[PDB]
Every structure is written in C-alpha cells, then in structure tokens.
Amino acid sequence: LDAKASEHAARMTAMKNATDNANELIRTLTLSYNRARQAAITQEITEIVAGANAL
Amino acid sequence: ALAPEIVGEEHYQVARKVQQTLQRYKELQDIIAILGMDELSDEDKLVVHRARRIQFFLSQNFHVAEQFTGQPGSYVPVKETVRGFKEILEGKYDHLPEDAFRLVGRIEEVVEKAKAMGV
Amino acid sequence: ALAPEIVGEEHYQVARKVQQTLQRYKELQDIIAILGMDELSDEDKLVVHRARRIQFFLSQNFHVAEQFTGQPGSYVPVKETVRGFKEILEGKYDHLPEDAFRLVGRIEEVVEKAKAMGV
Amino acid sequence: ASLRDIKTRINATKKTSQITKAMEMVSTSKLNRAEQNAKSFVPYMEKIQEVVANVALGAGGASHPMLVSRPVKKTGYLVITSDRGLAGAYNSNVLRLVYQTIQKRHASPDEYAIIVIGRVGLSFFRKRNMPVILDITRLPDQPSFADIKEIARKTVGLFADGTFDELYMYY
Amino acid sequence: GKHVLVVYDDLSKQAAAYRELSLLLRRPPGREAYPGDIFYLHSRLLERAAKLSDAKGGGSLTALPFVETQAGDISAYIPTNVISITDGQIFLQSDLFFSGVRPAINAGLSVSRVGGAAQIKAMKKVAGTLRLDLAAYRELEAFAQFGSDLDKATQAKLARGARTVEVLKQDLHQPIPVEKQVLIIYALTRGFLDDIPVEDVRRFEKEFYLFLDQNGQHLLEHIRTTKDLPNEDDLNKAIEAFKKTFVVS
Amino acid sequence: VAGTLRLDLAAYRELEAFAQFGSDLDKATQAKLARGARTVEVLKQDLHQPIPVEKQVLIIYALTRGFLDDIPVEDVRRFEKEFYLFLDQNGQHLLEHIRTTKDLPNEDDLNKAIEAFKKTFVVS
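From first to last, the protein sequence lines stand for chains Z, L, F, C, R and S.
Reminder that position 49 of the first sequence reads as 278 in the deposited numbering, one-by-one numbering, no gaps.
Reminder that position 102 of the second sequence reads as 454 in the deposited numbering, one-by-one numbering, no gaps.
Reminder that position 64 of the third sequence reads as 416 in the deposited numbering, one-by-one numbering, no gaps.
Reminder that position 107 of the fourth sequence reads as 108 in the deposited numbering, one-by-one numbering, no gaps.
Reminder that position 82 of the fifth sequence reads as 334 in the deposited numbering, one-by-one numbering, no gaps.
Reminder that position 61 of the sixth sequence reads as 438 in the deposited numbering, one-by-one numbering, no gaps.
The hints are simulated quantities; they were obtained by calculation from the structure and are not laboratory data.
DEER-style ranges, computed between Cβ atoms:
(1) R256(Z) - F398(S): 25 to 35 Å
(2) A408(R) - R404(F): 11 to 21 Å
(3) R266(Z) - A379(S): 36 to 46 Å
(4) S312(R) - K397(L): 53 to 63 Å
No farther apart than 35 Å at their CA atoms in a straight line, the calculated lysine-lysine pairs in the DSBU-like style are these:
(5) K432(R) - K377(R)
(6) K397(L) - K245(Z)
(7) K409(R) - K245(Z)
(8) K15(C) - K378(F)
(9) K489(R) - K467(F)
(10) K432(S) - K404(S)
(11) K378(F) - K16(C)
(12) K40(C) - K22(C)
(13) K467(F) - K376(R)
Take a look, some chain L residues computed to stay more than 12 Å from chain R by CB distance:
(14) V366
(15) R404
(16) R405
(17) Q412
(18) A417
(19) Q423
(20) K431
(21) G457
A virtual CB, placed ideally from N, CA and C, is assigned to each residue, including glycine.
Working from the sequences, and respecting the hints, build out all of it.
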C-alpha cells in the first residue's frame, strides 16, 4: 500500500516539472516565432516602399 | 556521387544508417528536453548513445589547425572511415566515454585516448 | 439561426446535447488512447459509446456520390433527423455495432443495415 | 527554420502539455484513492500486532531470532515496482539499490533469488540474468486484499521451506 | 489520338525568368516583386492539358509541373498560385527523406481529386482499406513517445502502421507492376504480414515477387486481363504457400 | 457588495480548470466550486432585457451573503426571476430606499424579506 501511494505521488510530482518545462518551451518558441515574423513584415514594407520609389 | 554503384553497398549502407540515426536523434530533442532522458524507451536510449558518439566522431583534427592548437592533425582514408563507422554502429565501443571521440583520426586513436584518460 | 425561437425548443435541446457530448468525447481521446478504457467513469463509457455512434450517424450518402461509390443517395427531413438523434441520445440503439451507422440515411435504415450485418 | 516548421512544434508541445495535465489529474485522483486504504487498513494491522506482540515472549519455528537457520542458498529479497511508466526515478531507485546490494555482494549467482511485483521489475530482471521465481503482471490499483492474499501465502509458504531464509524487502 | 506525358522541371525558375524580364521592362511589381500576370501565365500554360472526347480522337495530355520551396514554405506566392490551379499535389519532405522513408511522399498532405477514377478495380479494393489504416496509424502516432507502455488495442494499430510504412518504401529506378503492387498490398492488409517482424519486410516483399514470378502466374494474368482480384481462396492459398516457404532472419 | 463577487469568481476560475475532480477538500474544492458555479449561473442574462441597478444590488447581495447555498445550481435562474416578481410585489420600501439613498437597506429587514421569499420558493 505504501509503495502504491508513493508511486502515485511520484507520478504527480513528475508531471508538474513535465508541464512546466513544456510551457517554458512553448514560451521560447512563441517568442522566436513572433520575433522572426516581425522581420518578414518589415521586409514586406521595405519592398513595397522601394518598389513605389523605383517608378 | 553517393550512390550504391559508385561507392559500394557497404559504404552506402553505412552512410544511410548514420544519417538515419542522426535524424532520429534530432527528432528526439523535444521529448528529451520535456520528459527527460530517463523516460525514453530502451531503444531510443541506445539511439542517443550511438548518435552522440557518431556526432563526436565526425569531428577531425586538421593539418592547418596546428596554428590554433598544438594537435598535429591526421589524414584518414575512406576505408578506415567506413570501417570505424561500421564498428561504431555494431555497438563495439558503446562503453567508451563521449570525449574520447573528439578531434582524432582513425578509430584506433579513440581507444588510445580512452586508455590515456583511464577508461 | 440556431436559436430556440427559430428551430424550436426540442430541436435546440437535441443540437446542444449532441454538441456537448461530442465536446466531452474530444477531451477523453488522449486519456483513452494512453490508459485502458476501463479507468473511465461508468458514465463516461456511455458517453464514448454514444459519441462514436453520433459521429458515425452524422455521415450521409449522397445522390452525387454515385459516380464514386455505385450506391444511391438519400434525403432526410429535419423532422426525422431530430427524432433519430433524440433516440440515439436516449440510448434506444446502444445495442447495435457502430459500423451500422456509417453512410446511411434515416434511423430505420441503420436498423436495416445492422440486421443485414446479422444482428 | 520557418514559421511553417515552428507552428508544428508548438502544436505538438501543446498537445503533450495537455496530456501531461490530464495524467497529473488522474494521478491525483488515484493518490486520494490509495490514501483512503492507507488509513483504512490500520485497524487490522493494529489488531494483529497487538496480539503477536502480546504472545511474542517465546521461541517458534521461524519467528524466534532465526540465527543462521538455513543460510545455505537462495537469500530472498522482495522488490515492489509499478507497471506503468512516467513515475520518474520511482522504479529506477528501487531497482538500483537491489542491484547494487545483492548483485554486487553475492558471489555465487544462485545463493540469492528475488520475486517481483510490477511489470518494470520483471522487465529489468529479463534484461538481467537474475533468478526470478514468480510475480504479478498487473494488480488492480484497489487495495486487493483477499486478492493479494494468495500471493502473500505463497511468499510465506516458500519461506516455510527455508528456501529464502533472509527475507528482506526493498521498496 | 496519342497519349502524351509532359514534365516541367521548374515553374519557379520559369516565373523567376518572367519576373526578371518584367522588372527590366519597368512594369509595376506585385507581391515579392512578381508581375501581376504571373498567375495568368501559369494558368494559361497548365490548362492546355486535357482529355479529349471521342469525337476529337480520344487523345490526352497529362502534366507534372514541379515547384521548389525554401524551408517548406508552401504559402509563398508561386506555391499558392500553382497549388490553386492543379487538380492535386504531392508533398515530398526532407525529414521523411532522411528517416529512411523514400520516396518521401507525405500521405496526410497529398491530395488527388481525380482519385478512384484513376485506379483499377483491384487496386481500389485494397487502397480503400490502406487509406483508413494509414489514417488511424498517423492519428495514434503521437502517443508512441510515451514508451511501449500503451493500451492493448493501440499496439496492434501501431504494428500495422509500421509494417505499412515499411511496405510503401521503395528503392531507386525499380518501377513495380500494378499486378504485383495489388498483391503485396493485399498481403499487407489481410494480416498475412502481421507476424513477420518489421525489420524483414523488404526482404519479404522481394521474395514474394520472386515467388510470384516462379509460381502463381495465373493470378498475374487474371489481374492483368480482368483488372480485378482473383478468387479469394486461391490468392490466400498462394500467400500461405509462400509464407510456409519463407525463412525469417 | 461587488468585492466578494469579484473574489469568488476569481477563485472559481482557477478551479474551472480542475474539471476532472470534485470534492478533494470541502474548503478548498467543493465549496468554492459550488459558489462559483452559482455565481456563473446568476451572471447569465437574457437578450434585450436589462434590469434595474437596485435589483442587481439585491440579487448580488443575495448571492454573496450565502442565502443561495441551499438552492441547487440548475434552478438558480428561475429563483432569480421569481425573486424579481416577489420584489415587484412586496419590496417597495427596499426599492425606494436604495433608489433614493444609493445605499443598502436595513440588513435585518432585507434578510427577513429574502427568508420570506425562500419559504415560498419550491425546488424541483
């Protein structure tokens, strides 16, 4: 009985770290996603401006 | 030039096996980071064990790199590279540490360096 | 137009119940995949048992699907589909194999298909 | 890489996060269930202990100080492990101590033997070459008395022969 | 009245050349500096492939345009333009290429609207089941990361999916007749392969092709003439005889 | 009055994510879950039917003082409607007092009125 309850406690306390690590990875990847997409949008703006000026 | 009829069946199989192992190790990174190293199956643990050693073995010491660090560098024939990678894939050197495979030439230098480190 | 005063109280109740059962099933899929289905609460076993049949019954055979199937289509009035889904929700057909509900029209045709399969 | 590749990783990570959350909740529910029995079983153990401690001022076949009574062979230890994974080091440490004690110490590979509880224990002892006698593949998580009873009677009975005199649990 | 197959090696190179010419001619640029008529150019080119009616001689022309993407960006201008025009697409991926699955067709993404009508009866009979098997395997593939500790039902589907993936693998410059493809896919889908280990499936397939060449030519000619599967018991008996002769590693 | 409502809803929104399990501890889980569910039920509203601020005050006070503990979660909306009818019938003093002074009425009188309503309410 002690071993079974210890098993349940161990799984519970492992899932906390699992979820926290997953959410940390989510945070890092989302930040990278946005900081990359901003470069694409400013490149689009630059291309539009340059094309307008070229005429 | 990486075709079976050009380099040979053994070379082709070794190259494809190395690439497959490295791709699998690259894929396993997310689960390794999240769930930890201990939750992977006994297969993927061996996959990581082989992949780290292969990745470190791909490094080499160069002749012109002597002006940076004092290591003299070496020239390795294709037969020796293929033999060493086949030996690693068979699991012969699973017991040696990771750092033994860094910046060496032929596979025998890995054993020599492990002996020098104490193994 | 999915409003109580437009389609009717019974129709609204049936639609809301179907959506809620499907949403409940959506949250149990990973748990049922990982652990054996027995760990589900006994109500949730009925919920899954009915969600599968609702998902299968939402499918329909078309008159234009003749060119792809070789099988004639069907036309189901809303007055009949509300009754069919009410009966499935209340459980008057939990004793049929789930495959009898696929690609079929009225609820009576489900029983016909089940008996053709040998129920 | 690109956004097209980053979004797939984000989606997979979110799905894994949801799975971990659900399994944490299930683990908490089973923890409460186990803790129920962890206090419910107390009166029976107290009843047995109070009487055996009462009548424990004499010598009997095995419950006397059993000093050097059949050390000859097969020293038997019990190992309690789970079947499901995701527990972290819970099963690993129990396997580690059993190994590093008995497999390290005992010279002849058969002067010891182990009976296991749990899938992972027997899996590790099939990895190894240990003399495992019998086990239980998958006990129900419920307290399982009058179910574990036959296993327990078998354990004490194969003791009664003296097959595993030095019985000593790891858990 | 003849039948023609046409392959355009890189429509992205063609579009880049047209963009260069347009920019040198000083026409206003659209998105990604491409001219506004780039979609009209590609649609006008591709829509000349057709299946003529019987009064027109019955001829046909089928096209296989190629488009190259950088870092899997399928939402770029030319990729979307070509995707919206064609009847279907086939997606090849480097991650599948290196993991051993070559050719690297991604079944989940690839589409073919003409599908079904473009297959023979016997091939359809087995492709119908293969589609569902692959779909279920890909849906459950995510949970393999949690180790072998899974439910009893799911492991059979994982094994079936693994064997299916092994069967679909193919080597270089070895086209396979459809009368052999249908037989091997039938052998996979009917459970005859569910005892061969995943590691020996390719050798099983090669030995099965050789065994079919040596014996069972009646099945091959029946398929090649009637475009339909033979009698069920005869095919099962032939596969059973091969399984009795075959040696595992 | 709104402070207790805000706190209760904020506390309940954390336990909404705990939809798998219920009574772990009565203080930590069951009571908060039930009160938050009743809060969500009273905060629902029908289309194109605004209600006066005094009646909002009375219903929110009723919820936040625990007078709705006995009433089941499913019947709360009918409770609220019948309470508004009972107010329009027999609470002119309370309504005028709040409408004139912008403050809560005498707590004992308001408790007596809500008790009188609760006697006549029938749960089904």
